[PDB]
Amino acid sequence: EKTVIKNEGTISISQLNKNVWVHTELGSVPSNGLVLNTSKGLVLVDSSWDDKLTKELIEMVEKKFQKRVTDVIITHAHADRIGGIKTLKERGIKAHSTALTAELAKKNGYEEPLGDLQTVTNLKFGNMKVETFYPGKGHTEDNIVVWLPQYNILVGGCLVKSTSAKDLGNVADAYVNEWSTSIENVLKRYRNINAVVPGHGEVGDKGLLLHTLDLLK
């Protein structure tokens, strides 16, 4: 049984392996990201719904792992992903994103992440390798996935629905005729996957990608 650690339960971290944890927060609706415990600091995939939760998440992981959060990867311009950007910027935490995500964050009144990520970007933090991939439009115009090639773990983000999701959710900003193609692009790039972390809900495997394809029918 994987180690699970909670705050007083609006924030929980669940261990996938020695250096990779899933962070999950409740907005007053749960949301997931990753905590990467690297030799050079903590790296998050996604912030949280707001600054209060983002501050608490950072404080929890810095205390536990005894290192600072240095970098966050923002996977699209929605509140569950980017809500804590003010906190990141004022703490000197680097907030990586594609240019489009940064363009949309600005449009919508949020402080801007770096806009440094391309269609494929390879990053390394200590020994931890991270690839970001923009597969095309889906849940939003800008959604990216994050791949950890040393573990074959995919962070699907909101592009990927959990087994418990029985519909597509908020499609206000979605591209329902391209989302399937974008999922296929992920499946084509990553042919051998070990875990898939959805934006919301339980961790799964490639079956979550197939589930999302079925929801798009």
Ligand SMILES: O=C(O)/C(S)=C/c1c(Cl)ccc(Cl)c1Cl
Given for the second form:
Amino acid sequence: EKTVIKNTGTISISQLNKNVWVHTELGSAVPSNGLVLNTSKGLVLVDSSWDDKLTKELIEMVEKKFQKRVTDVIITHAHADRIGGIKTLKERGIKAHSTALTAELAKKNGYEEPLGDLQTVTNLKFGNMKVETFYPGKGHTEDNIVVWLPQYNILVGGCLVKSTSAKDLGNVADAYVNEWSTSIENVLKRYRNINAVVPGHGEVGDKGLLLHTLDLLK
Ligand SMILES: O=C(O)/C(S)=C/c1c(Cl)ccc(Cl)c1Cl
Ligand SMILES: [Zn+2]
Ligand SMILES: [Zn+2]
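Having seen the form deposited without this ligand, can you show the form solved in complex with this ligand?
Up next: the whole complex, starting with the chain shown before.
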């Protein structure tokens, strides 16, 4: 059984392996997932949380547990569950990575701006931790990216990828339902061997979540 650690219970982290954890927060009631990467040069998060209060608590929880600082965050699209803590990141000197499009949309919607440094494919390295970011096309939003850990074949699907418990596509106001399938296929083509898939919301699964999402798009 995987190690799970809670704060009230509104914040929980679950261990996938030695240096990779999933962080899950309760907002709005809607759970949301990101990733915590424990590296030799600091903690790196995939995505922040619903607001600054949760993001502050999240950072402080992991900094205390792993006894190092959060240095970087990768923001995977410009909705609040992803970017709501951007103010906290900026003021603490935490680098908030994103595509230029994610940054533009963030600004348009009144959030503070992440860096806009991520290209269609960007390869980062934090200590020994390798991280690839990939823009597969439009889906849940026009800007959604996925994150790949090549040393573990772990894919962070974000809100592009629906969990098994999701029986519909959810809010599609900002979505592109005619391109979303092609974008999933682009992910499946790039990462042909996947061990775990972390959805934006819900339980961790595998490649099956990508197939589940394709079915929901029919
Ligand atoms: O279904 C999802 O994954 C997301 S992020 C839903 C959503 C939207 Cl579409 C707008 C705004 C907000 Cl706050 C949320 Cl949570
Ligand atoms: Zn979203
Ligand atoms: Zn979401």
